[PDB]
Amino acid sequence: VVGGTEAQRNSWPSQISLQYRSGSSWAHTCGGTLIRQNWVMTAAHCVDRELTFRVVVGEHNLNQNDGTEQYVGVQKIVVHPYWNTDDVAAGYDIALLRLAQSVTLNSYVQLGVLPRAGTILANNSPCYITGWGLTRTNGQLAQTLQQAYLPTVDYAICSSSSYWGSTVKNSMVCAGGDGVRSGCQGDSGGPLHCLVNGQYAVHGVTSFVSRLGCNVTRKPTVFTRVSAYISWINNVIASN
Amino acid sequence: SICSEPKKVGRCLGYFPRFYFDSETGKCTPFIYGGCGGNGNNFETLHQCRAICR
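So the protein lines, in turn, are chains A and B.
Going by full-length UniProt numbering, the letters in the first sequence line up with residues 27 to 266, in that order.
Going by full-length UniProt numbering, the letters in the second sequence line up with residues 1 to 54, in that order.
Chain B extracted, bound-state conformation:
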């Protein structure tokens, strides 16, 4: 799906706080997204992440 996709920061230098589902750990987790080229495991809200894959 998308929850199995890797965390991806991307090449851009924006500061966008987002959340991803962590594999080695098992929980939705904050990260800084750069603002371009994001993939599916990237949710604007923590509630999106949980509903989406949890």
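With the rest of the complex left out, here is chain A:
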């Protein structure tokens, strides 16, 4: 997250760190949202590859065990079947991960609340992006979880020629684009949290930015719109 600040520890208890096997250790690559005791929602591009993954819930500092963390393997990966790696702007950047053991829910580990099917946010809706992604160009992953205020840009504005034009689809959420705050490398798969009807709901799954750079004016960070996938999410979990 570029232009953000360190989150209060465990203040976003559905946020997960998605890590791939390295030697006998583990390395962060993407975010995710805990949506069941044994399921995580992430980006397709994070897991459409032959790696061994684990998920960390209750995480804040990536290189220090503070006591709220639980480390669980990934049992099953279900990439959206329409996802195309050569065309992120086509959409369908979503995947579900079943965990090899259920996590224990507590004050630090909570399910992300999802929007009702079809929900579209009004322009300039207040949202927050979180993650351990880069905080500067050519930086390292953040040590501690970061957040940034990232208000939505509606489909009409985001699809204009000065913004994203035809690149953005109605199945996506645009947020930010002020040239100060944005997602960056390592933030993919994570939530865009939006306060709607009195609770923070996860309306977005972090997907992409302009090739110009993470933080670019009129190139908002682009998220998969969770509300467009509620039936798909529920059916995969009921079946798998």
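Incorrect hints may appear among the rest.
Which residues of chain B face chain A? A partial, calculated answer using Cβ under 8 Å [claimed, not checked]:
#1 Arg11
#2 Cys12
#3 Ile32
To be clear, the hints were calculated from the coordinates, so they are not data collected in a lab.
Backbone N, C-alpha and C define an ideal beta-carbon position, used for all residues, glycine too.
Chain A is fixed; fit chain B onto it per the hints.
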């Protein structure tokens, strides 16, 4: 071939450490790949890169 292809990070916001063969410099070199839309000058391992074009 592929070693002559440009370094390409892509649009996605993943954090995937990879290697590419650098032209202005002349050596296989680390970079952060975003996780989608990669091209040919993108190797999961430094040993792949060298064997592949070096």
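Cross-check of the supplied hints:
no. : hint  : result
1   : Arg11 : holds (4 Å)
2   : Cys12 : holds (5 Å)
3   : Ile32 : holds (5 Å)
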